[PDB]
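There are 2 protein chains.
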Amino acid sequence: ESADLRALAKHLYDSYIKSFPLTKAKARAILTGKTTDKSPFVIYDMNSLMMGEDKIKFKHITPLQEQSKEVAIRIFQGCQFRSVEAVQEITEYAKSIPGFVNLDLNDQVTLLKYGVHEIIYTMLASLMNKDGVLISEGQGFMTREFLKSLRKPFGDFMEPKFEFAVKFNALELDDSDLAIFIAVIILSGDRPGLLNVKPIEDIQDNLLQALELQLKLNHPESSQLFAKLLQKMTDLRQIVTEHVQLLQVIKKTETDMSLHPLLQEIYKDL
Amino acid sequence: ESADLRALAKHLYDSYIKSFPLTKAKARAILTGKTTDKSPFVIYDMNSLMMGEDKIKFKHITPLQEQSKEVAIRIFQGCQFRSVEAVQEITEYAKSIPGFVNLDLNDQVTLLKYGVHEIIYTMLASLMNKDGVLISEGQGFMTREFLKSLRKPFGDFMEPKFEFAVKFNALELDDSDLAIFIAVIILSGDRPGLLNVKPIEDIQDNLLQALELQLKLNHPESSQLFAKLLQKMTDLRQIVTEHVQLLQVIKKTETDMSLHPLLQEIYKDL
Ligand SMILES: O=C(O)[C@@H](Cc1ccccc1)Oc1ccc(-c2ccccc2)cc1
Numbered sequence: 235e236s237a238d239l240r241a242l243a244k245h246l247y248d249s250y251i252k253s254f255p256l257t258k259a260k261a262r263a264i265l266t267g268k269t270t271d272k273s274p275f276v277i278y279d280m281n282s283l284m285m286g287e288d289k290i291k292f293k294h295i296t297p298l299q300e301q302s303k304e305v306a307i308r309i310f311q312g313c314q315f316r317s318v319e320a321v322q323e324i325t326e327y328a329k330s331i332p333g334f335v336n337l338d339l340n341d342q343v344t345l346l347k348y349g350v351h352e353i354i355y356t357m358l359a360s361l362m363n364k365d366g367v368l369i370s371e372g373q374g375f376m377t378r379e380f381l382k383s384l385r386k387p388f389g390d391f392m393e394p395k396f397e398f399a400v401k402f403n404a405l406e407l408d409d410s411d412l413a414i415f416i417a418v419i420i421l422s423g424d425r426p427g428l429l430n431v432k433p434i435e436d437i438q439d440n441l442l443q444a445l446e447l448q449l450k451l452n453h454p455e456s457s458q459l460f461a462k463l464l465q466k467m468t469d470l471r472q473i474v475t476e477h478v479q480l481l482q483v484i485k486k487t488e489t490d491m492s493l494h495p496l497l498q499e500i501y502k503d504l
Numbered sequence: 235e236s237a238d239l240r241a242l243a244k245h246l247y248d249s250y251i252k253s254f255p256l257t258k259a260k261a262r263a264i265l266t267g268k269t270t271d272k273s274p275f276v277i278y279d280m281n282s283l284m285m286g287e288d289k290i291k292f293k294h295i296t297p298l299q300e301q302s303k304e305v306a307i308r309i310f311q312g313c314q315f316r317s318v319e320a321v322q323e324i325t326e327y328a329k330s331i332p333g334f335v336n337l338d339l340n341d342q343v344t345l346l347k348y349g350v351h352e353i354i355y356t357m358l359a360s361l362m363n364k365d366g367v368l369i370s371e372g373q374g375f376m377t378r379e380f381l382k383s384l385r386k387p388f389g390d391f392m393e394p395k396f397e398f399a400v401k402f403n404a405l406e407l408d409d410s411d412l413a414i415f416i417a418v419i420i421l422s423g424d425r426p427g428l429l430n431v432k433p434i435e436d437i438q439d440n441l442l443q444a445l446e447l448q449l450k451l452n453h454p455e456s457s458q459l460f461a462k463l464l465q466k467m468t469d470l471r472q473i474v475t476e477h478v479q480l481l482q483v484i485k486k487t488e489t490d491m492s493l494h495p496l497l498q499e500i501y502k503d504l
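Taken in sequence, the protein lines are chains A and B. If you use the UniProt record's numbering, the first sequence closes out at 504, no skipped numbers anywhere. If you use the UniProt record's numbering, the second sequence closes out at 504, no skipped numbers anywhere.
With the rest of the complex left out, here is chain A:
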């Protein structure tokens, strides 16, 4: 019954709203300078970065950065905190997925270890547009150009994600769609190490069904959106990979720079 599938969509959509403070709807509402209720402060250079500390909630350094944690390291450390944040959010979204907490405890850890980054870059797209990305729950907006002008290594950490976002956002999905897609990503089953795969695949087939109906119902005039979204999973993979291999480089040119335990745990080479 497609009725049980619509119900599962509803359930997932509901938990998505409850687990993630900044949805795509709010984000787009902020990105389109129409809704002038509360606009973001823009960062496109050092000075504005300086001013941003005063206009937004920046606990980082405001003045000079060269001889005191340069701008690049600062932005990276702050971007790191938000990442560990997204995990607790995603980790909380996950438990709401029917059957996920009933699975083997170990596999739960593996599904989260391998799905967290893919989900972070999927949701990160909701906060991007060809020109930049929202920061601090939408109070700010950092320029794609500014981020790309950072020190040699930190300069291209974000470029491949903007490239994903522009094409992924062309699909025009909304939160109710993203909620089912995020659930499909977690319940993979082809993750390295899973002890029991069948119980995970039975759940994902279920999710895949819900996503299929949801897309045809919500995007009737979009031929093959279902297939087109799934192929986006290949793009997410490559992003995680380049990110990881970029970290190994930094980890060697910035012996004084520290990574967070959680994130450091999740990451694994090869």
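Check before you lean on any hint, since a few could be wrong.
Any copy will do: because identical chains look the same in the list, a pair fits if it lies in one copy or spans two.
Straight line, CA to CA, 35 angstroms or less: simulated DSBU-like cross-link-like pairs of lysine-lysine [to be verified]:
1) 268 <-> 432
2) 260 <-> 432
3) 260 <-> 462
4) 364 <-> 291
5) 347 <-> 260
6) 486 <-> 462
These are computed hints drawn from the structure, not numbers from a lab.
Given the coordinates of chain A, work out where chain B with the ligand should sit on it, guided by the hints.
Okay, now just chain B with the ligand, sitting in the frame of chain A:
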């Protein structure tokens, strides 16, 4: 109209059969399957290979192992020769795909240049099982053991494809399913350098629809099989990347040789 999709499906199946000598149906009957009336020559050891590359129908180098050439090199170069043949076979099939020959010639070349490796490992799985792979038009069988026993660089070369095949073959697709899937792969759209993506994606959409109806009719009890197959496109991509990787590492082994100027020429990088 579902009358078109079934037509395109049969048409692709027809070209597929005429373009590829060894089909999955045949290969399967030769493998684990019984259908014993002409069993293959199992190469399980160094002597099995030596005392076999002289009685099997191969075209490259004769078996010689005594301070002259390396067994690992000949096997590698052997797979390169066959793959070169494969590429011609795939190129012919592509031209039989409705709309392909009408695309900008530059994009046709581009699509083939990047789709060929993905297609090769897909069909490669048709000849594999968890224990080995069929060789030489199906006249031989090189075990998974003998391959992972090879030199340091050449020992972890085939292991990943075996792993992909084990999971890919679980899908139990058949030649009629594969014919369409292979087309979908060719008519990608996100390949770098394309000049006119619209027509390419238009064709892939029609191909996707055909694949979807095919799986629904051919595998009624295989739920969400369409989605699962599309997911495998991530596995293939990673397989292709990882491969070009070890390949570069191989280049840091054998190089300067004034005897390969014209033979080496034949094997550019794909
Ligand atoms: O405040 C936010 O949510 C910003 C990140 C940020 C946070 C504080 C200061 C500067 C930037 O948006 C993000 C940008 C990039 C990332 C991110 C996460 C993982 C890997 C790469 C980038 C996460 C959030």
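Hints, one by one, checked against the model:
1. Taking identical chains as interchangeable, the C-alpha atoms of residue 268 and residue 432 lie at most 35 angstroms apart only when they sit on different chains, with a minimum of 29 angstroms there against 47 angstroms within one chain.
2. In this homomeric assembly, residue 260 and residue 432 come within 35 angstroms of each other (Cα to Cα) only across copies, at 30 angstroms, whereas the closest approach inside a single copy is 37 angstroms.
3. Taking the shortest alpha-carbon separations for residue 260 and residue 462, both the intra-copy value of 25 angstroms and the inter-copy value of 33 angstroms come in at or below 35 angstroms.
4. Proximity of residue 364 and residue 291 under a CA criterion of 35 angstroms is satisfied intra-copy only: 25 angstroms inside one chain copy versus 56 angstroms between copies.
5. In this assembly of identical chains, residue 347 and residue 260 lie within 35 angstroms of each other by CA distance solely inside one copy; the values are 28 angstroms within and 41 angstroms between copies.
6. Taking the shortest Cα distances, residue 486 and residue 462 never come within 35 angstroms of each other, neither inside one copy (38 angstroms) nor across copies (39 angstroms).
Hint 6 from the list above is the single one not met by this structure.
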